[PDB]
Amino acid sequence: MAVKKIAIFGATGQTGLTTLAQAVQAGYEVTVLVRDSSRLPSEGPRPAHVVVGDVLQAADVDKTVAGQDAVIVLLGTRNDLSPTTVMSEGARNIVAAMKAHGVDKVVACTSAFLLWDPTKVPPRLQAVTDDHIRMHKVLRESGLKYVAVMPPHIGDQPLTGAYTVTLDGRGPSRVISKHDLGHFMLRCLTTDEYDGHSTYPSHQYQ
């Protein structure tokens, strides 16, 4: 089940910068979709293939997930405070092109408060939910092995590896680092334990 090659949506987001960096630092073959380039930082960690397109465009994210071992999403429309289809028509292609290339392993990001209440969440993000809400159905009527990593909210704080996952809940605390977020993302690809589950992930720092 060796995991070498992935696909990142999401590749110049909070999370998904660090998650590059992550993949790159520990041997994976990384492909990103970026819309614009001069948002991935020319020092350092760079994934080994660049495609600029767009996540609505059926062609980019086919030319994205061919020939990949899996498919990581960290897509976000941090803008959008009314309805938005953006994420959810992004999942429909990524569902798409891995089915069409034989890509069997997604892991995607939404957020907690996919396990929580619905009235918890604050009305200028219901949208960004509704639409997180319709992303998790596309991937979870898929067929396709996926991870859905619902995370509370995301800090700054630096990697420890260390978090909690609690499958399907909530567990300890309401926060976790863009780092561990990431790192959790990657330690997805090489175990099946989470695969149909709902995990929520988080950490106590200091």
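Heads up, when I say rigid core I mean the largest set of C-alphas that superpose within 1.5 Å between the two forms. Residue numbers count along the first chain shown, from 1. First, how it differs from the form deposited in another entry.
- Only 80, out of 80, 104, 130, 89, shows a C-alpha shift of 2 Å or more between these two forms on alignment of the rigid core.
- Remark: with the core as the superposition reference, the CA shift of residue 39 between these two forms reaches 2 Å or more.
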Second form
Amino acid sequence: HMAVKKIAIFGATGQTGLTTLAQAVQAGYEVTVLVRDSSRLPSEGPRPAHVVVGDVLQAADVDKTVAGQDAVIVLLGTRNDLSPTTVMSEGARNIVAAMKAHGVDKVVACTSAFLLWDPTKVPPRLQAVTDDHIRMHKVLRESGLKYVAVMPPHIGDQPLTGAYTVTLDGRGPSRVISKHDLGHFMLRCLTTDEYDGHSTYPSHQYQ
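Can I have the other form now, the form deposited in another entry, not the form deposited in one PDB entry?
Below: the lone chain, stripped of partners and molecules.
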């Protein structure tokens, strides 16, 4: 028996999402993904249990993805596009509404460690994306759901270790986390309540 077994992953086709999905399938989760029509999961990769094709900006599609889950992981982003956007915050608004309507409480959602910085220290090139992370975090904090705010520093390509530091409610001692370790942490947050209502900063020294 698995207490948390059915999960929705938003952003499963992305850099962190692909390894989070692979790790979740290996760990025995029954994974539902929401994918945009033109960007499905790769053919040879791990297969989720359920695929909804649609858009996080459509409440109906988010409702179809959240229905019947035990928990939600959010790895939405805009790839290498740094333009002004609201896809993460509006997506989170739809996810919150769906979770409430469907009785799902646990949401583990990735924004960024810039939400623990002096705002004057965010690089201007990243300020438009960070502004939407700030909007998204406010939506999730005000929802009343069991929300783990994951606020990573630079996401790298180093290995899965499971040995990273998790700093609560502040910046940690390294400035990198591998995408594989970030995905491992998102899944770890499904199985404990200790991070609920906190900000978390995962980081590691790869050596």
